[PDB]
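Asks: Listed here are the chains, written in short residue letters.
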Amino acid sequence: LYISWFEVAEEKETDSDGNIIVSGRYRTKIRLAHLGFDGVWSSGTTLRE
Amino acid sequence: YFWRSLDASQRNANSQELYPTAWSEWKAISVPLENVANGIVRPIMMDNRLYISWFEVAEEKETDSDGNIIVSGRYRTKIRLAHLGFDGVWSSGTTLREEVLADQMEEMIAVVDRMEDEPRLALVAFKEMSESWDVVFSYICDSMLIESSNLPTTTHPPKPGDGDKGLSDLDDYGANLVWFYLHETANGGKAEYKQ
Amino acid sequence: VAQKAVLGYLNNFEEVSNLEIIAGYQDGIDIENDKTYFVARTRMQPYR
Amino acid sequence: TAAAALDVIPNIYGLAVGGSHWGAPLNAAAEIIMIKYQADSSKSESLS
Amino acid sequence: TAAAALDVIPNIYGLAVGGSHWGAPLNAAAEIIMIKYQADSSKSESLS
Amino acid sequence: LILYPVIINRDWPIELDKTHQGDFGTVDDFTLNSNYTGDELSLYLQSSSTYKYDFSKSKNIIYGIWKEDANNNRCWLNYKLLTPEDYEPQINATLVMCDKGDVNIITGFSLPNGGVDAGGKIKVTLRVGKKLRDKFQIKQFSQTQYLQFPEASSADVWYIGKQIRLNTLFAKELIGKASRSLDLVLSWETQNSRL
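Protein chains in written order, with the UniProt record's numbering: chain G, 245 to 293; chain C, 196 to 390; chain S, 148 to 195; chain A, 976 to 1023; chain X, 976 to 1023; chain V, 391 to 585.
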């Protein structure tokens, strides 16, 4: 058995010109966990970001 | 914070008075209430279950697409509710609908049980003192903590002319209710509200 | 004391009766014999 | 309790605002419970 | 759990943004485990 | 929607589309049989429309099935050398082709030049049968979650068309009674409530 989801947060990136890149951008990542044979949940982990 | 109760029964049949037993003990409340918005709270007891309700708010410095700050100021706010377990201990408490309001609606709360119908629904409302066009924010819940479904349609539908926003049925209803308390006031003028 | 204990159990059982299903996945193509799994969460916060 | 209550207030000013550690009151409450347990357990010893 | 869950939200506004203590939920979970152990161990005493 | 594993059908490929090419003709000009073979595709091209491309003039016409790709690898898969005076010739080839891309094939008449010729052909696109998918469904009615089976045309597996409850509102009774006492909960009435 496995469990899967994702998480995301916005980051206020800025231009080379120092100004903010007002378009907005989103750090996000895929998350997965699994159950051990001993009947306990994995700590979970992240795949590609 | 503490709560207690008083019975109106327990009089002697002869007495213009009540037994001492009528007064309950004062009891502590365990919820970490210090985040309260404005030193304000309402208890509700229904169906033999006790509940406690309030709200909280904080300002957030939002900014324009142009990067500049939106100097009008805006207020993240949220409705909070807790209840006592049968085992005699307080719930951890929870949040209902959230908002980030364009203004600091902060003039306290109104709460009651409703029987305009059999469900015995739970309802909470908040207000701001536009003496006319008083501004209201509110939520309604099924006792199983489900947002209540059915309501009468908006008295102020969106775009009632240039007032393009109108109101959401929910808040339209709540507004009517609070008006039924602070404008409909033959029971007591709105200045009396605080007591 | 036993009353207290059972009231606690009942309290948790409330949340059990308030559990809300979220999603499910089939073990395989044969719905009519393959097992299936489901996930659900609490209405009350914190979400469990 | 009072410590977390105080720490509810915002921290930051100027061209930015930074609020406060939202969970602090709830964290404190949990620890308060633990502290109660700590005292209770310690008392038992003296009686014994 | 709820404390860390709440503290997931961002803290900062204006010309800057400052997020939240990313590890807080995992840290809380670890401590939760420890708290479980604490209770269990304490129970053993009463039985003994 | 209820989810389930992705699994290859392992039968005839799903035909995607067809086109016609050469100096004449239409997409209707050839009938293609394309059943799968275990590991391999298999094709059985029944020509029509010789009379709409080339017949009784060009001879030693390559009536062929040949490959296509992003490079027009028009490599011969199977062909008959004939005069298209036979208006509806047939040719066929098993195609291992275990690369699970979308297979493109040309099917029709050509001169020995194998191109830029009066012989005309259609072109076809085929894909591996991904679809083993079947419906099963989570449902919501009133407050309760529930399930229902498809009205499948399958054998009479009793599962067909059945419906199953997933949740209960029992909580309300607990609230109403435990608040007071467990005895009310344990009452025969409670156990026999038409919840």
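Any given hint might turn out to be false.
As the list claims (entries may be wrong) - For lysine-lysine, the following DSSO-like pairs were computed, each having C-alpha atoms within a straight-line distance of at most 30 Å:
| hint | chain 1 | residue 1 | chain 2 | residue 2 |
| --- | --- | --- | --- | --- |
| 1 | V | 447 | V | 521 |
| 2 | V | 457 | V | 521 |
| 3 | X | 1018 | A | 1011 |
| 4 | A | 1018 | S | 182 |
| 5 | X | 1018 | A | 1018 |
It is worth saying that the hints were derived from the structure and are not from the lab.
Asks: Against this structure, judge whether each hint is valid.
Replies: Status of each hint after checking the structure:
no., hint, result
1, 447(V) <-> 521(V), "violated (46 Å)"
2, 457(V) <-> 521(V), "holds (25 Å)"
3, 1018(X) <-> 1011(A), "holds (16 Å)"
4, 1018(A) <-> 182(S), "violated (53 Å)"
5, 1018(X) <-> 1018(A), "holds (15 Å)"
In terms of the numbered hints stated before, the structure departs from hints 1, 4, listed from lowest to highest.
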